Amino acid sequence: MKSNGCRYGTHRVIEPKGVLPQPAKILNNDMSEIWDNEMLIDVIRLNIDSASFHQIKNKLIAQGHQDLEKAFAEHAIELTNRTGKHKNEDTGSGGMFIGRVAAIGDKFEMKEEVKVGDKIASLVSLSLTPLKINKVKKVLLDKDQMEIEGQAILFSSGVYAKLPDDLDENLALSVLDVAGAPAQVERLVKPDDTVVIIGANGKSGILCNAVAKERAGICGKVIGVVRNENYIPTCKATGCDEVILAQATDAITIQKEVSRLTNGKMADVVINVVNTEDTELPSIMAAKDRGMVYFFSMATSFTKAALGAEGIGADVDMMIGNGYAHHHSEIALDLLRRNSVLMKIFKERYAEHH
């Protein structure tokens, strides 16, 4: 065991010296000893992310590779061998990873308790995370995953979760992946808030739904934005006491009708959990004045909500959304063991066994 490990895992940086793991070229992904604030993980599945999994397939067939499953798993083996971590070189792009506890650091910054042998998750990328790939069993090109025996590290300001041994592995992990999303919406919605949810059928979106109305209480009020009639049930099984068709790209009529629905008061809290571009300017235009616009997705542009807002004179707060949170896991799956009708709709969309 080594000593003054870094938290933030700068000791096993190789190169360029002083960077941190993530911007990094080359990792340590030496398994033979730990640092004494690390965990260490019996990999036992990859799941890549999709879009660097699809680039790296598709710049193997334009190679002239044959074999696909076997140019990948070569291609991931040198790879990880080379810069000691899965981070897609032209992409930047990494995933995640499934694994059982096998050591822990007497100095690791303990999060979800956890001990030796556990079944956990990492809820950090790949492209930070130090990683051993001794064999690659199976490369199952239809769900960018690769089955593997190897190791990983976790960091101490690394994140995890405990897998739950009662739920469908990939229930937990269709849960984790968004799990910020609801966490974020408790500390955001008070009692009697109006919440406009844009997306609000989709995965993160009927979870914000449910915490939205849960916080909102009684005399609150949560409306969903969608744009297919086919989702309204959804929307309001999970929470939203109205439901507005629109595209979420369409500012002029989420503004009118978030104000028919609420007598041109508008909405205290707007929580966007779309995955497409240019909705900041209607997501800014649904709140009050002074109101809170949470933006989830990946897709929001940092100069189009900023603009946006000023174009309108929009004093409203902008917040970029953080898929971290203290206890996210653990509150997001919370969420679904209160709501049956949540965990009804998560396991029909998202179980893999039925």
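Rigid core (definition): largest C-alpha set, two forms, superposition within 1.5 Å. Numbering follows the first chain given and starts at 1. Compared with the form deposited in another entry:
Put simply, after the core is superposed between the two forms, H54 is the one residue in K288, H327, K304, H54 with a Cα shift of at least 2 angstroms.
Superposed on the core, the two forms barely differ at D317: its CA moves less than 2 Å between the two forms. A movement of the C-alpha atom of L261 falling short of 2 angstroms is seen between the two forms when the two forms are aligned on their rigid core. Taking 2 Å as the criterion, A71 counts as shifted between the two forms: its C-alpha moves by at least this amount when the rigid core is aligned.
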Second form
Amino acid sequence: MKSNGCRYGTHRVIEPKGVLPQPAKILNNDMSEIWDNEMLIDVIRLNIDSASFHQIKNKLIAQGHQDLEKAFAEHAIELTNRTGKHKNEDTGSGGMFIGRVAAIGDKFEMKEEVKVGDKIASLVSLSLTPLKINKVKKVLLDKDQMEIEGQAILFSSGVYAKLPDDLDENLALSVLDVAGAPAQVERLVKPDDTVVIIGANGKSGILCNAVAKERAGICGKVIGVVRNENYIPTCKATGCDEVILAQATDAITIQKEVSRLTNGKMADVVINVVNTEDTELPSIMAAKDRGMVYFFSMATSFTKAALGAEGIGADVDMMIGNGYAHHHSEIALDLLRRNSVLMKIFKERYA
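Condition change, the form deposited in one PDB entry to the form deposited in another entry:
FYI, this one's just the chain on its own, none of its partners or other molecules.
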């Protein structure tokens, strides 16, 4: 054991010096000893980022290698042994791992309660996790996956999720892709609020549909916005009181339809989960004066949202929606256990 570990992981940065683990090039992936505030994981599976997996594979065929599984396995071993992590040297992306807890430092900042032997899922990118690959048992090119024998380091600032026993693995991973949306949405929605959810039929949208209705209450109004009429039954069954049929980029129709459904009062909270570009202004114009706009999708442009509210004089609050919040994994899993209709849809669509 080594004392006084940095919660952000600077103690394992080798090159360049004075930088954080993710932008760094070389990390210390020595697993023979861990710091007092680290957690050691026995990695069984690596879920490499899809764009990174395709770039590595296509780089190998053009070099060019015959057995891609052997070339990819040796490429991952050489990269993680040389750089200390599985960060793509051309793009910069990584991924996440699956494994079992091996050792918990005494000073480790516990988030979700886990003990040694618990099966957990990484929620931070492989571009900052010190990783040591001892053996690649299988390379799954149709799955961007690597069944390996190895160990990884989670810093005290890292995020992880204990995989539950009452749900299968890949199903549990489906809810953690969007677990930050319901955890953050339930903070914004007050009782009797009118909530507009752009993308209510989506993966995170149906979770936000349920959470918005729980928080708004019997006298709140949850309004979904979808593209197709056949999405309406799913929106209502997941919590939406009303459903608007319009394109997510159609600011005028969404504004007028929210206006008609609210008698001009508009929405207290606007949740955007479409992952479609040029949806900032439709979200802004749906909110009332001093309303809240929650941008969960990575397709959001900071410039288009800020300049958008300016040009139309909308004094609204605009949130950069995150993928992490306190206990977000346990909250999202608890939501599915309490709502059988929500759990049914999630298992049939994202098993």
